[PDB]
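Only one chain is included here, represented as structure tokens and corresponding to the form deposited in one PDB entry.
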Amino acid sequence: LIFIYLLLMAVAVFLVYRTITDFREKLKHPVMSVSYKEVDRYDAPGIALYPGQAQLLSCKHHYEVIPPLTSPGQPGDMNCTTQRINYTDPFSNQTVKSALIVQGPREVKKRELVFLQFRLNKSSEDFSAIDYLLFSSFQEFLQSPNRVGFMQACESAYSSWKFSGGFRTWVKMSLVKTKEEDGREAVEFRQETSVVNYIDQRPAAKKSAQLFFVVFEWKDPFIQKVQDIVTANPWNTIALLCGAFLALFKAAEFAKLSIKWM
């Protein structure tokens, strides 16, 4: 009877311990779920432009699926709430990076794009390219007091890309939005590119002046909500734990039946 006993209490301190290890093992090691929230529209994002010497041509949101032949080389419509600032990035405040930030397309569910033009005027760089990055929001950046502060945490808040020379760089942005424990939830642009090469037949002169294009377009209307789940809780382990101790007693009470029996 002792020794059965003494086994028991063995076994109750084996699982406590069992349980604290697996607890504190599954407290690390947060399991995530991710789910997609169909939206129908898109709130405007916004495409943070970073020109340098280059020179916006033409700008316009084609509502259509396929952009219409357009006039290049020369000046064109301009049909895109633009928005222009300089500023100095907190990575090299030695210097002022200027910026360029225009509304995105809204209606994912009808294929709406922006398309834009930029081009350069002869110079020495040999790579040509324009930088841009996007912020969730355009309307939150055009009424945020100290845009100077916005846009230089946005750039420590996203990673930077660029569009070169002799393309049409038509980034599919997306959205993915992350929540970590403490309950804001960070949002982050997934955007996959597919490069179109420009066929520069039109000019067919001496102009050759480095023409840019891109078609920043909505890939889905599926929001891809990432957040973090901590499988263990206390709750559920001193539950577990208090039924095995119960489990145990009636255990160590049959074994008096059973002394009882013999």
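Note that the rigid core is defined as the largest set of C-alphas that superpose within 1.5 Å between two forms. Numbering follows the first chain given and starts at 1. Compared with the form deposited in another entry:
- Superposed on the core, the two forms differ at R184: its CA moves 2 Å or more between these two forms.
- Here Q53 does not count as shifted, since its C-alpha moves by less than 2 Å between these two forms after the core is aligned.
- Once the cores line up, the CA of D220 ends up less than 2 angstroms apart between these two forms.
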The other form holds:
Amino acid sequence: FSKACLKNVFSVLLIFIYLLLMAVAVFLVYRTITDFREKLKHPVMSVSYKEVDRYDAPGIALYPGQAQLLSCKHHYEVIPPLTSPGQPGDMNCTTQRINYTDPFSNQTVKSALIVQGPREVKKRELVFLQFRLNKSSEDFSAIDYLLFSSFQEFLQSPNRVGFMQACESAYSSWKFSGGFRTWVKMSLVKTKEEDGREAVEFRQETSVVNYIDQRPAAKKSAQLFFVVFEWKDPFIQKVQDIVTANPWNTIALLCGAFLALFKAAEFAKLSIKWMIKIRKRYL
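For comparison with the form deposited in one PDB entry, please write out the form deposited in another entry.
We keep it simple here and write out only the one chain, dropping partners and molecules.
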């Protein structure tokens, strides 16, 4: 009746209390393990993928030098035929300009043009950029570009100079050539270091397409650069410490270890009792 129900309730709450205590002990051991692992250098890391409905707009830092940005536009899955190559027109995108001292030599000041990238991967959104360089005594006509995760973070950055140097430290620098159109499909990788900081890196796939110049031969001295930026897939890659990335495996291992210790203690007590009984029976 009432007494049996009260006893059952007391037993259930005591079970819950002991479960809470066991969870606390297991969590403390896991916290100790993670604290030890965080101070290791070069640990083994695991990989995971996560799908996104829409991407945060990335930042494309271009280094045209003397080349003038002729045109930048947003398109969906297709680029309409060029109205007049080599002519300025239709320049309407979110762009910023930043000068910063190169972190590797300190002799050269890099001037970068930051462009907001595309967001809608599931609609094949494209950012199409056209540059024109009048003349250059240098060989290997190319424009260098760099990719970073967020344009908004750069916009609200307190420094905006150390941000660009930190971006240059990342391994996301490439070049695209003149006289060609480069289709770039970018992929996002995020690595979680033991300090808690996130390092963002970009993979790329490229398609290089020759450009046919029907402009007059007198106008062929200038060089035209065409580049297209889009997201390859809605999957973001995440590299994280193998123990920290999957806490549940370590929790299961620790629970098994504790239960094994309890079992071993019970067997030791049983063996002690057995030996005591054997000694008593013998003498």
